[PDB]
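Here is how the chains run, residue by residue.
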Amino acid sequence: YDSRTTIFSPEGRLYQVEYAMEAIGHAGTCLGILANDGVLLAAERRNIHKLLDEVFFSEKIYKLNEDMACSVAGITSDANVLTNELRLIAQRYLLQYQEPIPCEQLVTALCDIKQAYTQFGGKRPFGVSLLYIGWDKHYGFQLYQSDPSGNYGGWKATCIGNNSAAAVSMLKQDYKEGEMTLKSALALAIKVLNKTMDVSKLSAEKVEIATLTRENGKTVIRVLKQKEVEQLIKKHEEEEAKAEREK
Amino acid sequence: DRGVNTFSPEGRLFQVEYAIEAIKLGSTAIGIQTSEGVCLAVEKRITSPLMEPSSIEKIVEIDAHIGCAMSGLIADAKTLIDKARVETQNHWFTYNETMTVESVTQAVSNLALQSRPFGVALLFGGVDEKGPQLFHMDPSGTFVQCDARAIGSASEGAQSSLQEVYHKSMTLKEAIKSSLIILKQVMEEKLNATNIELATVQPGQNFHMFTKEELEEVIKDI
Amino acid sequence: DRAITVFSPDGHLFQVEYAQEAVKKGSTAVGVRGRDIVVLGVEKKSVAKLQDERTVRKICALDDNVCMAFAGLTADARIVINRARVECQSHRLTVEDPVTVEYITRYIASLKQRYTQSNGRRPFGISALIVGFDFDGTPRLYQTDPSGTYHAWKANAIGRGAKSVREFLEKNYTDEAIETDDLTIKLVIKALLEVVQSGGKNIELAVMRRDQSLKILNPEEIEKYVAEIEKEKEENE
Amino acid sequence: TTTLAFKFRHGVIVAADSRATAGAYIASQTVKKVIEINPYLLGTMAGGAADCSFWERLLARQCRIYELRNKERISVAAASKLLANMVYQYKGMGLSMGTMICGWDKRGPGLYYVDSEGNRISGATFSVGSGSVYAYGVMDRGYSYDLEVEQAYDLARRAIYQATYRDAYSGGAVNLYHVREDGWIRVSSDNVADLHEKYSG
Amino acid sequence: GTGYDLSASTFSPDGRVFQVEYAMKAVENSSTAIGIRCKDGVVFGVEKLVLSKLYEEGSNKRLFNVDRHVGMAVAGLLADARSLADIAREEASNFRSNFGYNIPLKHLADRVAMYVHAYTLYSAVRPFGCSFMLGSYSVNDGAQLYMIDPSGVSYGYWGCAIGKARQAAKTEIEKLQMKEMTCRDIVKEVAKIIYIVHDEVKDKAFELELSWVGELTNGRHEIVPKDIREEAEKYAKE
Amino acid sequence: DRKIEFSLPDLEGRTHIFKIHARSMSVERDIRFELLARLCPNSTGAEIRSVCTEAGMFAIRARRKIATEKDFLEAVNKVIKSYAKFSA
Amino acid sequence: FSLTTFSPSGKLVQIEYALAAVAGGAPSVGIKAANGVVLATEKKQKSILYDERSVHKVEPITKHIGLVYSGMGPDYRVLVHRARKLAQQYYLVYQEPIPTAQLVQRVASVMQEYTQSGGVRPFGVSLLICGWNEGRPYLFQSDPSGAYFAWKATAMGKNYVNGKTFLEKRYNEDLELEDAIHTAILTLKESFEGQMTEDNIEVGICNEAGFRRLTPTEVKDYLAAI
Amino acid sequence: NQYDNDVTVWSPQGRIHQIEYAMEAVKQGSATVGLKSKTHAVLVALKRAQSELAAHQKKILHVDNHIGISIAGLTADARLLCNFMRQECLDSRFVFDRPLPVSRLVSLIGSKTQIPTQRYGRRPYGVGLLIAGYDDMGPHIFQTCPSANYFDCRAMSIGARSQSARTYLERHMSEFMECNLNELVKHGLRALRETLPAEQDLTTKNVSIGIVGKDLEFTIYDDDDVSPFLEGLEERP
Amino acid sequence: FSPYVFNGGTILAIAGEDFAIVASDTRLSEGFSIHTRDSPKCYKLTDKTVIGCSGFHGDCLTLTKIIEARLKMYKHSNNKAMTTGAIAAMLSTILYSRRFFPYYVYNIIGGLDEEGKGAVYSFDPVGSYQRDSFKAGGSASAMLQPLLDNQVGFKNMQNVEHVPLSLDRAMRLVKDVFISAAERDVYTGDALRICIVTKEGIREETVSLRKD
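Sequences listed follow chains D, W, F, Z, R, B, S, A and U, in order.
Going by my numbering, the residue at position 237 of the first sequence is 237; the numbering climbs one at a time, nothing skipped.
Going by my numbering, the residue at position 154 of the second sequence is 401; the numbering climbs one at a time, nothing skipped.
Going by my numbering, the residue at position 73 of the third sequence is 542; the numbering climbs one at a time, nothing skipped.
Going by my numbering, the residue at position 59 of the fourth sequence is 765; the numbering climbs one at a time, nothing skipped.
Going by my numbering, the residue at position 29 of the fifth sequence is 936; the numbering climbs one at a time, nothing skipped.
Going by my numbering, the residue at position 27 of the sixth sequence is 1172; the numbering climbs one at a time, nothing skipped.
Going by my numbering, the residue at position 65 of the seventh sequence is 1298; the numbering climbs one at a time, nothing skipped.
Going by my numbering, the residue at position 149 of the eighth sequence is 1608; the numbering climbs one at a time, nothing skipped.
Going by my numbering, the residue at position 14 of the ninth sequence is 1710; the numbering climbs one at a time, nothing skipped.
Since the hints were made in silico from the structure, they are not lab data.
Think of the CB as a built atom: it goes at the ideal place given N, C-alpha and C, for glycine as much as any other residue.
Okay, derived cross-link-like pairs now, DSSO-like style, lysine-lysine, Cα gap no bigger than 27 Å in a straight line:
1) W:415 / U:1776
2) D:137 / F:684
3) B:1148 / A:1486
Take a look, some chain A residues computed to stay more than 12 Å from chain U by CB distance:
4) 1462
5) 1631
6) 1642
Okay, the calculated bits of chain D under chain F, using three or more residues with CB under 8 Å as the criterion:
7) 149-156
8) 167-176
Could you build all of it, start to finish, from the sequences and the hints given here?
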């Protein structure tokens, strides 16, 4: 049973919000893995119809600030406005304090706006959940996952896609903190994306990945282009071939 | 029907016949207006000993010469009592005198229904130029002067008992004992000092708490 | 039938009732007085290997003498803390004396009552509870139901398993067992420890020592207090 | 107009004149220039008498509301800050007001001077009005933290007498109040003519 | 029916607004009225049910004076009729304040009809349950008479009727030969037609409210002198 | 014709229903059953029979088949069950 | 409520009905060639009473932005008026950039008042946008609820499925010159029922020089030898 | 019945149903009569009592020295109408220093109450008003129903079982202009006494009288003031 | 253009043992011309309270009518009249409610309190008030006040018994001070309206003064 958004259940559940958050699992696939000296995002390109041109240069990964970037996994209509509002909040903080906005503060502001949307008025909840990777002066590299319920969480290896359970299980099985580096994080991300995507030998076009790294007193958010992605794919394929044949 | 504004097909709009029957879920409260003053007796009905008895209060002094006893949703009674305090202070500030309890009750009744209607009944009691007075205000923005009123879950039985135990020429000393024996008859447990609150109204005194656990001198006689 | 913020044929307020029953989904929360220290714990048991435990924030401070804990919806609770913290800073701006625990609890209850009023606003399905030392020495605990009300309690016991833990507290809420700070802390433990397994490190306790800052007990000291509780349990055959 | 107020170990002494004037003509000489805010707070008129009276009455109702809501008496610093914030939003609109809000609270005797321009500062002693400049000297010379109650009474009476004598806009009667831990008490209302007769020696 | 006659904003499957189709029924149920344009003026006339003798002399009269030279004879729900009369008075006052002189009857009728259409267009507000005639005379424009349905538009009428018995009145109205008869005999004839319409056959005794406007009154729409038109009522009785 | 109704027991009606019900069981009217009649306003005749049934159930629960002089126990069980009926 | 709404668990039912409505019956093909973009549509007026030079299906939003659309034309008029106002406001704010293709992505993004603020009833028109003031062409599609898709060749008519199939089988390709309008007309021919003429077919072209709605003379010239 | 749910919707058979239900609000109320004379207007209202301990409530509200009203029905949105009429009369005093004529005030009330009968979400003012006033044309008695269709009346009564009072007034309305003040008040008392069942009878505590005259400003008489009028009752219950 | 003009007028009130005397001139004038010889500055508000308004005549009229409206509202809202102290406080609130554009008027309220004792409340144009045994307001305030306080108050006089003022003696002193002030102050004269407030009600006497 569902009604106008601002309701409860006889048990006391927000079943509209729960339904929206479960629907977020349906469609879209993004995952974020945090490692030392670099935190990266991996996104699954859903539609690879040959009739596109890929001129927007990014569909899932969005650059929201100099020191952070996000990746939505919900309906694009709310995703666009949420990204615009997030950039506006970050730049408003930059104007007010003359300092890059800490990632936790930005995520709290966004989840506050989502909680307001699901709290008062006859307005639909924002059916979109997005990850965030970023760097700050206080906590360094950080990763956060926010759901449409407005209850964000500070993660270090998570997925938000369709097979998010399988992806997070694969991460948990093959995640090693401390020892993890940027290259090993890339390898793990490509491996888990190959696991969650049924078609083996994933093409560089169907996968979009972005890595945030800390240069000399400056944060560089580089989206890995086709050649680098397929070189990573080739290295992963060599590793798989060696592992399979050595038995 | 279900609309808070639509009238019933027979005689009187609904969703306010529902709001008035919110003292039924509320706790019992009884007040007596005598020539000596006004006696306001309520039950605290503490659910667990860990909760401080001082925290649970159903009688709050609107001003030095007005006392109010709530029966229903304490949350809504807080707003109504705050508005009563604000109106009384505004009247005193404007006219440099003590606002009449009838006028305060009228203002609170005006603010009662103007938002889903408030579901609390108030027993205002205080001294004025027209002697001690007591007023029963009800959730449906209606106030009535009364001499000995009962309100709460068992308002019917308490009011019926008060109808025959009250007489027009009583004093505070008899009023408090009558209210306490009635309360003990209505409630489930006994009238322990930690469970029963009492408020006194005097022409020459401000309305204070009833002796604060030294009021056993009134319950031992009970 | 009808489940909106209107009076039902039998009375009550069914949306408010549903919000009040929503606190059951959440976590336990216990806390006690003692005139020497207020200590409150939550005992969260859900931490995956990939989530950072820093940002759970089940207990938070307001004005370095007032702290609150979660029971129910986390997003609503966080909005409540943000608004309440803003109001504490306002009541520090005006009325230069620091905020009192009763004042901030009253503000939180008033906000909850305001949101329960009118059909537009969802009735803030969170049950908060606030401890802290007032300006005049006396430490106090208030527990706020989601609807509109707050109550000053010696023990709060709000959340899942609230009934059993509250019965345990009211059974043996001995002031002679309160006495010392360590006695107070060990009384909060073995009471919150009773809820669910509480085996390794599930307890998440908090400490407010008079005029000190909000102290979050270190896990090793928590295990030490658990061992002391076990020692007290021993020699009692 | 001339009021002074100082604190000491046995309480707070408030002394004020009872003259309100409109230019050269003296409007009255029996005006209660000290306002009884509540049984534990007192205020004074300086500058615009009507502004002082109205804003102190507004502060009185505000603090009464606060006390009723929180079931506890208001502190002097809180009331002074509230009045200062209340009057600050009207800064630059031309109203003039000088008041020395004083009383006893949980932390002890308190005395804050709130002004229309915005001044709100604590202190051991204060004086406002046209004759405040004359009151300050004789007050400082005769004031100590360990003064007796009668000595403080005499100091305040003599100070207001000198202020009236040296100021053309002050005279009539001297209203003396003593704020104590159990609340303020009205001490005396001495006519300046009788004070001169006594002080002739 | 069912789900289509609930709000005026909901069109019927055939393309009709049933809310106004039901608002017209209230006008059809309420008492009737008649207005005839005489040769040099317009004469009104309405019968009013004295539902109880407890009432004083004719009150809540169906006739209203919306402007100096303009009068309104209304039938239907009388409270909304009075509200609409107040609206018409405000419109006439505003027009006189802005453009000076006196508001032409055609423009006043068009504006009030547009206001009524605005009320029947939306959903939150409901169509007015009243139909009225606006009659006025001037030397320049002669005599005009416009009738407005609860949802329709003003139409020029030589002689019109509305209310309980529209066809029965209109038959004798068309029987009467207007455009050459002075307003005096037109007063007599409107009283005659109203008494021809059934008054006490199944209802109580009826009072005759008759209005005047014309060169015999140099404009200045006023109620006919009832003392001297009681004999017109007597002629109508015969 | 002749539509009539009651189902509105007053104090006198309730206490008379107590008497006829107390005619059954092993009870006697030395109990101050008028006090319990006052306690329950308009408690029908069905509840009075219910209250009398509860009084017998409390007697057998106490294992005492006597109920003539078991008046304090009679009053105790009747008042506590009146509490339960109103709020359980 | 007063916005884009009616989203049940895992669905956007109202949006899906809007997408069923925009299925329409006007193909309105679009092809992004190397030199520019061609937006060609079908004007199959009922009988000969209607006129073809009176109303147009292709509207130049600004100097080099052209627009073609789908079902619910009255909604499309308001949408194109809003797009013109938004592009004009952007050009006034950022004065004199000659903004077409550095604006085509921007104007497509600002097509969020188009649907993200639906207006109780969402718009029932999907529109294709062309711009070439960047040294490169651009073809974008905005649907009744989504956002920019950045197409290279697509159709939005009753036979949009087979139209897109024809576009891909005929190899929209990348080396194709500006005169891919022949392929666009052929794609319309598949979703056309009749002998298409100059007034029956309306097409606008947007090359690096600018945008221009081809007059019936050139439309008939291209339709000749087909 | 669907068409009876809301005020805005119109019944297919004709008049709407919500306003017809609104007129039942005045029907379900204590009886009150009001009659004119040559020079005086008198209102006799039945002060309905909740219980013998509580007072008999308040009826015959006061508006101005020359205008007084009697309410019957929904008392919630009746003090609102009283405030509106008081404000309009005081506005008239403030603008042109003359008592607002009763007819214009009643027209204003009708116009004000007409809008809720057409605006969605606004219930009609289900209050019956018996306005007594003395303008320059002698006394006036007006009845205002929730349908916003006021009436002028020589003598009208509204309330429960008010039809008997209406019949008595109609049968005795011929001898109303030429009656003394006490005679007219006794006529009204007899009319109201005929409303209640035979068990009930007129008492000083359950009746209220409102008299306005040429030289007598509106005055609300009760028990001690009513007793001189209550004498010579000619009691035939 | 300026919204204020001084219209003269002189008011005066005295609080006796059981009576309240409120006297005022009726000469309305500005600049050098006299509008009328009959324009009373006294206004009765209840059976036991009469106010005096002097200064800007338009503001006097507006303030009096606002006071009447507020009294009527309070009587309806409280089922009782308004006490003299209460109307004094209400007038003070009204005056300061328009502090930034004040009524250029001087108000003196004379009447009987609950105790039945004479009460006179003088007012400032911007709201200041204080209870006084007597006060004079208007143009002739400077020339009329000293006489009445040195006679009634026995100021600067020794070996004299402070006898309470009788009604006749107070009336005689009022007439003397007004006839003295009329000739010096051109705004004062042409009549004098004296209102006596007691338990029996309000009694008004109109006496003639210097016609120039």
